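Make a model of the complete structure from these sequences and hints.
Read off the chains here:
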Amino acid sequence: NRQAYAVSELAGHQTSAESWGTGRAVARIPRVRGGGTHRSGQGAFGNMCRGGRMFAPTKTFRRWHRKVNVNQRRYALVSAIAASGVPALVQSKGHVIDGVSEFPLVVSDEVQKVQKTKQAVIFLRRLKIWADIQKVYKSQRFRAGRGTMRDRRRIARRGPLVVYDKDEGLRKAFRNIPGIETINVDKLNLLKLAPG
Amino acid sequence: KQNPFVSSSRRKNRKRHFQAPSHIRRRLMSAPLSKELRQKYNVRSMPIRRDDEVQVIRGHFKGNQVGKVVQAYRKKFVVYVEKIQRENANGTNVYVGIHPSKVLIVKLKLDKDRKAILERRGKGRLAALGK
Amino acid sequence: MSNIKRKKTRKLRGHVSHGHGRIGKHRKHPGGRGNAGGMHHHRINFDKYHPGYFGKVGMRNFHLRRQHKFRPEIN
Amino acid sequence: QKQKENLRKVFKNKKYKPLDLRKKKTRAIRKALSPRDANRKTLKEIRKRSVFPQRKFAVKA
Amino acid sequence: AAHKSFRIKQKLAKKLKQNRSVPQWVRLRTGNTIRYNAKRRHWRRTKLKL
Amino acid sequence: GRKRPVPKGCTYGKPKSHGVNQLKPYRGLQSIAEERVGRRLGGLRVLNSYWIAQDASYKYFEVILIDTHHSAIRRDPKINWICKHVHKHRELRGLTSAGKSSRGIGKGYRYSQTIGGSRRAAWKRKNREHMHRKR
Amino acid sequence: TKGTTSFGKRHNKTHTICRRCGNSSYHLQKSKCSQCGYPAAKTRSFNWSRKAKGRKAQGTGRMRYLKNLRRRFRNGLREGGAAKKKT
Amino acid sequence: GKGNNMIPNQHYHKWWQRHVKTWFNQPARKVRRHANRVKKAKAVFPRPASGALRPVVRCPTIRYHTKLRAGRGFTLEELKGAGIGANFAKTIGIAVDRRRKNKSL
RNA sequence: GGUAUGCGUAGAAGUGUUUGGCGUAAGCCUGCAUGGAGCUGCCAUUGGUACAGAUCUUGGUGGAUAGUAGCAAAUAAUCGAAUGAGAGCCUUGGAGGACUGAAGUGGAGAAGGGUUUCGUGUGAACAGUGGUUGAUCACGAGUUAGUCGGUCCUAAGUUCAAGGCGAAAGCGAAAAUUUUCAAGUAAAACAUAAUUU
RNA sequence: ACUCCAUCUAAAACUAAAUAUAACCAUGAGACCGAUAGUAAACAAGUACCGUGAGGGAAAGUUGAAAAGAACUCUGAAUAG
RNA sequence: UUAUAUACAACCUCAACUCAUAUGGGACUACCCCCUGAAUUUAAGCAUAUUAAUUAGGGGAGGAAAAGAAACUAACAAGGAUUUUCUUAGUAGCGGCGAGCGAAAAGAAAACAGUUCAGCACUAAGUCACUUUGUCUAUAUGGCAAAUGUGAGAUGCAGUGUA
RNA sequence: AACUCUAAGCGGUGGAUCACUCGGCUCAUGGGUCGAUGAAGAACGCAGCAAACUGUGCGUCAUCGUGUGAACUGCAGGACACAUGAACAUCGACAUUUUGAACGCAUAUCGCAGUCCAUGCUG
RNA sequence: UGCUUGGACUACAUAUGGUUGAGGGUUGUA
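So the sequence lines, in the order shown, correspond to chains CC, CY, Ca, Ch, Cl, CN, Cj and CL. Using the deposited numbering, you'd call the opening residue of the first sequence number 51 and step up by one each time. Using the deposited numbering, you'd call the opening residue of the second sequence number 2 and step up by one each time. Using the deposited numbering, you'd call the opening residue of the third sequence number 1 and step up by one each time. Using the deposited numbering, you'd call the opening residue of the fourth sequence number 63 and step up by one each time. Using the deposited numbering, you'd call the opening residue of the fifth sequence number 2 and step up by one each time. Using the deposited numbering, you'd call the opening residue of the sixth sequence number 70 and step up by one each time. Using the deposited numbering, you'd call the opening residue of the seventh sequence number 2 and step up by one each time. Using the deposited numbering, you'd call the opening residue of the eighth sequence number 2 and step up by one each time.
Hint data in this document are derived by calculation from the structure and do not stem from the laboratory. All C-beta atoms in this analysis are idealised placements derived from N, C-alpha and C, irrespective of residue type, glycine included. Check the hints yourself; a few may be wrong.
Stated by the list, open to error - So these bits of chain CY aren't anywhere near chain CC, every CB distance computed over 12 Å: (1) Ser10; (2) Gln20; (3) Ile25; (4) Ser46; (5) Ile49; (6) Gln66; (7) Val71; (8) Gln72; (9) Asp114; (10) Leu119; (11) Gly125.
As the list claims (entries may be wrong) - Chain CN side only, calculated, beta carbon under 10 Å to chain Ch, not exhaustive: (12) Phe130; (13) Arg143; (14) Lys147.
In structure tokens form, the structure reads like this:
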């Protein structure tokens with residue numbers, strides 16, 4: 051999920067500067083030609099210079115994407131599923147799970163028919179897992195980047211993951227709860243089941 | 002969210018705000034009606050004319066007041082209200098401007114077109130409850 | 001995409017000549033560009049390590065087609 | 063406008079309207095084969111059309 | 002001079018009215034960061050040539 | 070044959086380039102005929118030509134043109150196709166019969182390089198660096 | 002005498018204002034413009050002059066036509082039809 | 002220089018950097034091409050969604066004696082030998098293409 | 001990318017600092033000072049990832065000298081008055097002694113300049129001293145043609161109907177051939193008549 | 001060269017789709033840059049200026065929530081204190 | 001009808017027209033079509049080679065263009081327009097056989113669409129363009145007729161038909 | 001006390017830092033939009049107070065229609081004729097000077113005409 | 001005809017048509 055950054059390949063080089071070259075008591079970089087614009091002579095083309103081209107400018111054909119072997123995806127999903135039980139390893143992601151009554155927690159199929167989000171935080175109340183998505187309310191914050199200019203002004207932590215089988219109305223019913231996200235059993239993205 | 006033609010960019014949503022022209026700056030300068038008015042019309046909020054009586058609620062003035070507005074200075078996104086003033090060094094009272102998100106309309110200046118806004122805006126608050 | 005701390009430049013920075021020598025500096029191309037010259041100043045490198053470079057053994061088949069020798073094998 | 067609308071009805075049912083009454087659209091679509099004239103059909107083309115209509119089937123097991 | 006074209010007196014007409022200070026009021030517009038007139042030529046200091 | 074128009078004074082650079090008086094065009098003489106017509110009569114499209122006679126200092130030909138705005142050719146669904154815009158100046162882009170000669174287009178093996186469409190679009194695609202996303 | 006002495010004898014223009022450029026570039030004696038070629042019926046731009054090409058290209062002026070034309074297309078090249086009051 | 006390594010032949014002497022193709026729109030050509038198949042399968046009919054008939058077996062050479070060149074033809078004897086309607090077969094969608102000179106019984 | 005149910009207008013980053021320690025070091029924590037809105041510890045994975053140098057780049061600043069070299073060609077000014085906050089100027093006016101010295105430091109035009117022109121004002125800047133003055137600044141003004149010029153003619157030349165040539169663009173074209181390739185005439189019939197390349 | 005075999009029909013004409021796209025209209029993005037960086041140009045930027053010309057080519061962002069931009073007094077010839 | 005003694009009527013070739021109506025010359029530049037065509041470089045020198053059948057090009061188009069319906073492949077149990085991607089393959093081959101270059105058939109997939117002339121026989125010009133008069137409605141570089149009004153057209157237009 | 005050296009305080013010079021950002025760079029998507037009916041580009045003019053920028057052509061910071069429904073704003077004036085519409089958007093009606101694509105002939109000439117109609121004075 | 005002010009037109013190349021033509025080109029009837 052990663053698209054290319056790359057600087058303009060003409061940045062650096064639309065001056066026309068020839069090295070006004072020795073012996074003029076001043077060093078040997080390409081200096082700008084003109085006279086009159088006060089950009090003269092003034093240093094062009096090099097990364098040491100102001101205006102000049104960066105050391106190796108970043109291209110688009112850097113390898114941004116990748117191929118993992120597809121058994122190694124399945125033997126990375128398998129270890130994630132297997133660790134979504136075992137509540138020592140849920141509880142060491144934070145994840146307030148000391149109200150839940152089972153691991154791995156299985157709810158009936160009827161919850162896929164739920165349709166309004168009020169009847170979802172009624173549901174996540176009753177199974178004692180509201181206290182986790184109340185913790186995702188606690189850590190809504192702001193990023194400390196550069197995110198804050200570049201349209202990531204934060205996440206919070208993650209919350210649960212309602213693995214349904216058939217969205218009767220479930221995915222629309224769990225959209226606006228902050229922290230939770232649902233998934234369907236055929237897909238099972240790993241990047242959900244082991245964030246980070 | 003879900004629409005694809007809908008931006009979520011801060012680079013974009015401020016340019017397409019701070020350079021919105023002078024008739025879409027009408028919409029962005031909307032003010033909340035008081036809770037009496039939502040009985041009388043069932044409209045949540047309405048943009049302001051020059052002469053809708055208003056009540057500041059948030060700010061240093063903060064209001065309990067029959068304030069009429071004198072001008073909605075759209076290029077400043079601000080409204081000047083007919084008491085809400087401040088002295089110059091000379092003593093000539095000038096206006097302190099208040100953004101109409103943080104003002105409160107009390108009595109709308111009813112003419113024929115503003116009323117048909119409240120016919121437009123007063124059916125759709127019903128038909129968004131019949132869904 | 002490559003973990004740079006294990007790259008030498010994180011570590012050689014900064015001692016002065018960056019791993020390449022004071023006497024015998026890292027210059028631009030001090031031996032030839034490419035396979036120059038494997039017949040004069042690289043010949044020892046080219047026989048050993050590749051005996052059989054620089055000749056012609058021969059029978060030319062203009063446009064070999066790779067079906068007339070297909071014959072997969074099984075013991 | 064009253065001069066220009068009045069010049070159009072005195073120039074109806076006349077070929078050779080004046081240039082500035084002749085539908086500006088572009089230059090590129092003005093030069094190219096009036097939409098009747100693209101669809102002129104040679105007698106081979108309007109005989110091989112009418113013989114075999116394209117039928118509406120479903121090759122399904 | 003004294004013997005100029007019509008085209009050269011018309012261009013030297015125009016460059017006589019672009020040679021002005023900023024009006025005293027547009028310093029006071031809201032969001033008007035016009036400090037000085039920036040492109041004020043000056044007869045012995047910059048010529049024209051152009 | 071075409072004498073490289075070099076200023077009396079050399080095709081400078083390497084002796085490979087030093088040739089002046091045996092160079093031959095890549096275009097025909099028939100194609101060079103249709104050009105000098107169709108350049109000159111800018112509002113008539115060229116169809117073909119043919120040899121008619123020659124003598125020894127002037128090969129010379131006979132070009133067929135078609136006004137594409139006469140109604141008797143616009144009405145005509147057998148000749149109508151040259152009226153489209155995609156045939157403007159159809160031999161300054163090489164596309165008559167005696168223009169397609171000098172390109173080199175055909176099939177297969179013998180005309181392999183060049184099979185990209187035309188002739189220059191083959192070296193675009195032979196030389197193409199495919200920087201696949203999932204290497 | 003190649004210096005400030007000779008530079009004082011310069012008082013006759015080599016170039017005048019052009020017609021399709023309006024720039025001191027019309028060489029009078031060539032009767033040609035150094036930047037566009039006044040008697041050339043064609044504009045004089047080159048590919049080794051990427052900067053100069055975009056100093057006098059489509060868009061830098063007022064495109065009195067290639068701006069409204071751009072709008073007529075968004076409305077489908079309609080013409081002769083005028084609007085009506087909304088109902 | 003140095004070492005026992007594998008004589009190089011990388012063909013990067015020809016101002017190659019201006020021949021680079023991105024492939025960053027691999028995914029939204031997959032999406033383009035799919036939304037067209039959906040578009041075209043609805044803009045036919047109940048008619049099949051691919052859909053010609055595409056004949057053959059017997060791809061040519063000695064490697065592929067068996068794995069198909071993908072059948073353009075149906076070669077008019079096979080139409081005439083099968084109850085149709087050679088011009089008619091095209092109107093169904095049988096793909097009649099009259100360049101193959103059927104060489105076997 | 002996850003996490004710390006982190007920190008934050010009850011004061012974030014940064015910056016300063018005889019706050020106090022920690023580390024062998026790179027470094028780091030902390031108090032106070034200023035500041036006024038964002039920031040960190042940890043686990044991953046990464047980068048445009050660490051400066052004393054490159055006659056490095058770009059901006060700033062020192063010594064010299066903060067007042068040193070210097071403001072010395074074109075003979076020269078001096079009085080008293082009026083100004084004015086202030087006058088060696090040019091500010092002016094009266095006396096005045098001198099210079100240029102008609103091949104002038106004079107009066108006008110060409111090219112060039114482009115409003116510098118001329119009145120009324122005037123603070124800074126500029127006028128390498130000053131400045132009340134100014135080719136400066138601010139604001140108002142100002143160029144009148146049948147006779148003066150252009151415009152009209154042709155010179156060297158631009159060479160310019162394509163007959164031609166060139167892949168084209170285009171052409172070191174005193175063309176030398178291009179049907180009338182004419183510049184033409186109130187001129188008759190049965191292509192206006194000797195005629196102009 | 002000589003015997004056959006295989007395979008197409010030159011020297012005439014069209015034709016969508018898949019394909020291409022630093023330009024043009026109209027959009028959505030991003031492990032990008034954050035005013036010596038990123039376009040030369042975040043601003044009256046191909047501007048100011050320089051060159052006869054071809055061409056060259058800058059510098060230049062931030063008061064505060066709101067101008068409430070410092071009335072008035074004294075001293076000054078005064079900006080100023 | 002032609003000693004260059006006049007006229008008529010044709011035709012061919014060719015003129016002229018401020019004749020009636022039409023096209024033509026954009027400029028953009030990323031892609032596209034045709035041209036034309038270096039040298040820096042690399043070869044640790046250098047001259048073929050290499051750059052590169054490429055910068056500069058430089059004429060001509062479109063929303064894509066060009067291509068394109070076999071004077072093709074192949075040697076099989078046979079394939080079947082073009083274009084594009086994957087693979088063949090950095091392979092056969094080219095190369096001071098040096099430096100270096102370097103494709104295609106088959107396979108896999110995207111998308112798939114076919115066709116028109118010329119020319120014997122096809123045996124009543126069956127043909128087009130305007131032109132005016134109606135009619136049909138529209139800003140129809142129209143339709144239906146009409147005069148068969150010119151004209152084109154047997155030095156051949158139309159129908160049928162195509163390797 | 002001069003002067004020098006060292007430190008911090010205070011004041012100046014100076015504009016780093018950090019924190020911001022209607023701008024860029026990259027990637028992607030929907031599109032096809034074109035001048036002799038004068039384009040692209042150029043010159044010159046246009047506002048109550050305007051230099052530029054933006055906008056624009058003697059109808060000149062506009063513009064018929066149409067949408068929307070009280071403003072513009074540095075001051076002044078008008079408008080508020082919102083019910084028969086402000087300002088902005090939109091734009092299909094009109095229009096679009098000198099040029100370049102002057103289309104009469106041409107130049108560092110606002111140069112010089114030919115034919116035609118009309119208005120005015122001739123008469 | 002004399003002047004003024006307004007309008008309309010007049011570039012080249014080309015296609016078809018129209019109109020006047022040209023030719024010891026080629027025939028024909030007088």
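To see whether the hints hold, each was checked on the structure:
| no. | hint | in the structure |
| --- | --- | --- |
| 1 | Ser10 | 6 Å, violated |
| 2 | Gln20 | 19 Å, holds |
| 3 | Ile25 | 24 Å, holds |
| 4 | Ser46 | 22 Å, holds |
| 5 | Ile49 | 31 Å, holds |
| 6 | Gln66 | 36 Å, holds |
| 7 | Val71 | 38 Å, holds |
| 8 | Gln72 | 35 Å, holds |
| 9 | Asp114 | 37 Å, holds |
| 10 | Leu119 | 30 Å, holds |
| 11 | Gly125 | 21 Å, holds |
| 12 | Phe130 | 29 Å, violated |
| 13 | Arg143 | 6 Å, holds |
| 14 | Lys147 | 6 Å, holds |
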